[PDB]
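Presented as structure tokens, the chain that follows is alone, the form deposited without this ligand.
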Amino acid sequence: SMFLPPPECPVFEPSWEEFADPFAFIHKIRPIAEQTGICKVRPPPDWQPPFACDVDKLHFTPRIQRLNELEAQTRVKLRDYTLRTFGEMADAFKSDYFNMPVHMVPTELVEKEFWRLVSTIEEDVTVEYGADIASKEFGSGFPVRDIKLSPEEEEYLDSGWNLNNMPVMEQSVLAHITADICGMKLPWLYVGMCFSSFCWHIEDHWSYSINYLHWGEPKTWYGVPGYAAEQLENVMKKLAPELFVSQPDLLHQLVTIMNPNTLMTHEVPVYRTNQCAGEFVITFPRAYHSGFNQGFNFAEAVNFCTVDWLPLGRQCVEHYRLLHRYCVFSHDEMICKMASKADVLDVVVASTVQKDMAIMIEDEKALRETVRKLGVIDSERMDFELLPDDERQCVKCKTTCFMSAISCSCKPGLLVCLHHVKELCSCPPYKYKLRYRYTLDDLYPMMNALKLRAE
């Protein structure tokens, strides 16, 4: 009546055989889980990675969070608690809030109460949490190579479900991005407390995320299937238009808390789950998700990109251009890097990259014909990958240039992508230069190498 819990998302319990290869598994469940946006995966009973830490030596800087529905919050960027003193604070907070033993409050009640307090103007609840990538002060919850590791640790060093390994596996596509994308390719560590919350969002470049709860009280999730992303955005834009104003950069992305019943009222499908310790949650491309912690806990999450995702990745960058949103990396640069390594690619990867590259090349061909017809005649090869990211964004749409751009000696260092030739300066186009990474004659052999590898 006050809060009606969304229907449960799918839960999978793979056999060790099914589980072993995360990429095969995710591909298998995809027709089901992409309809719900998120799903939960329970590992085989004896898949049990070792969790061991000195709570007195793990330190982190706490972030502070107000809990008001529809209020703007800023996406996190990469004071001090130890894990012990954070834990003591967190447990006392929850215990005091409910006047109940810290681990005896029903999950249904915490959820109900979360949605009450965020919607009540009178209530001014603030909580704290940890969020950052692994560091010497607070390392991964999974085993990593370095000290003498136990045999138990050794066993899980190379697991496909060890989140440190996920990015660099063979069927991962984000693997050999040579660009610095630490915030995206490295796992994030999250230390939660009762009500600490992550606002509604999708992943950068519409990637997947895989999320593991190492220990502690459950994490409550809400998820929306990718097909309803724009429906959700329209609902939010109606209720919180200030979140949709143009953002100056990626450090000023605005996100918010919003009751899933509000989405369900507006015919947006929403699913829920309680993720418990030892369980995975997977989010699918462009699947909006949000959630909050039931209590003191420790989670680890990483983005990843399969071959299934490649065409969506291209669509996402198109979408970013139309919205004038900054990119985390150049999709075309990633594609060309993979083509340049065609001989060592997994063959299914090679086949899928070939297809995206074909689209890339035909789009590039047409764009170059168009700018030639606008009077741009001079050209010069340019190694875009050498430029700092913030030195090769299109002045107009902020896209990260790689295949080509237009420059003018009138505006030293400024670039526009080929969609925005008219947005650079008032000089006539014959003053312009087409800067290009590859000629069309360079590109066809690169694509052919992929075809040969794919056989």
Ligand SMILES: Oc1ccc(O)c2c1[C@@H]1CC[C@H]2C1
Given for the second form:
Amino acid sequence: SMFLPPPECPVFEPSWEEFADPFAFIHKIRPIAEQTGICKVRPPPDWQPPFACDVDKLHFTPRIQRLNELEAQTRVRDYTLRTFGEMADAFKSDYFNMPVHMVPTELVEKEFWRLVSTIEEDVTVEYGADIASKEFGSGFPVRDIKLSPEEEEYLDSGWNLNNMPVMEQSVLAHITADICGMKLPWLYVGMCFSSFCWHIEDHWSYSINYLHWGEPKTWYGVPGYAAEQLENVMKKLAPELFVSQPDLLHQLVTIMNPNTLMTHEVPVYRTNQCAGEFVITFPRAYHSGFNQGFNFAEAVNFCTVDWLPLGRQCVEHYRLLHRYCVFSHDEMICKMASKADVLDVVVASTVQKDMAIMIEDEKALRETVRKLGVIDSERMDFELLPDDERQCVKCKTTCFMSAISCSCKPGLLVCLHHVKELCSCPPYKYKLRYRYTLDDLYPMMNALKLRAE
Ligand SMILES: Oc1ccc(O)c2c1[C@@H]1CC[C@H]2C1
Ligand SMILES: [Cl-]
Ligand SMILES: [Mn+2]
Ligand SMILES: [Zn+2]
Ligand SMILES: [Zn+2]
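Moving on from the form deposited without this ligand, kindly provide the form deposited with this ligand bound as a structure.
The next block holds the full complex; its first chain is the one shown before.
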């Protein structure tokens, strides 16, 4: 009746021993947590990073949000942290005519789903979302200011979210392409009912979220295996979200009742994340939620060796949908192979397996365009080109291994799947532009094999 809360997602309480290495722990819980999409992690009781900030000197620009189910919103005036906190507390307090910490969490959840479904409520809220900067920085300790002995303790923690991208069990790391939205932590200031719509991470990566302080955050999550099942339910009830988006900054997303999904046999899980807890989302796991009140959270994307195959399948899927990429997956693979001597040995072994698939697909593709009559060729350093200067005119994929050009249409490229879409000239006028010959590639893969012994 009205709202039936989904079943709870798994909650983990690792010992200090298990907690020490984040990457080993995530790998251990993976068979459980990948069945539910999200999961929650309670750190050992004495792991408590200091949070310190001046509420008057931190300022940020707020986003405004309307709260209607199935209405399109796009992914990605001034407040100090204090003035925002005052606005947010007054708002919740007046909405319920109660002291903000006496409003039960079950009630806010029930009320959230009522107000987004009711056509005649026009409730709007405000929130903060931004990567770290000079005006507003990480809530975790970072180097700069003289630090206290306890701040120093957490500087090199694996669960300090600043460190997590640049550790060596992670495969974004040795990458230099500066895909900034994905190596840097985002900061989120919440108030009651402020919401994050249904979505998955760029390139189907993991994410990890830490709530520093304040009232809880409520999550809904769907396992990766049910991603297409959820998208079919979404297309049927709100097709406007699926019209082709011009850019990467034009992704359309929405609020949708998890009960609607469960009615159509999509598995949904929930949790309340409290201050000092982590939530982790797994590859291709849809998630959404809202805040119970005034709070402060920090989040980061990351990629493990487990993810490498999915990362390839994802870029393939982007091509079918003509979606833009954040980075080139093959460029990342080749960059790791060129640094094979300093890679973790398990990393090296997993990269090698992906590289073997890459090379075999590339061989087949070059044979196919040769038989279409493209004969001329020249080496080309794709990584020097700005990304928007090396997308396939048809499918918008970011080229790195190879592309086709023509003197007729200067500066345009197509990937090798779309040779017929460049122009109307005969194929002998075309040129195959390539980063590596097959003979360059096999020694790069052999270096990985040696490093992996
Ligand atoms: O196996 C699960 C797991 C979670 C969940 O919320 C649901 C199911 C069935 C499918 C939707 C409802 C019933
Ligand atoms: Cl509404
Ligand atoms: Mn997310
Ligand atoms: Zn293409
Ligand atoms: Zn031409």
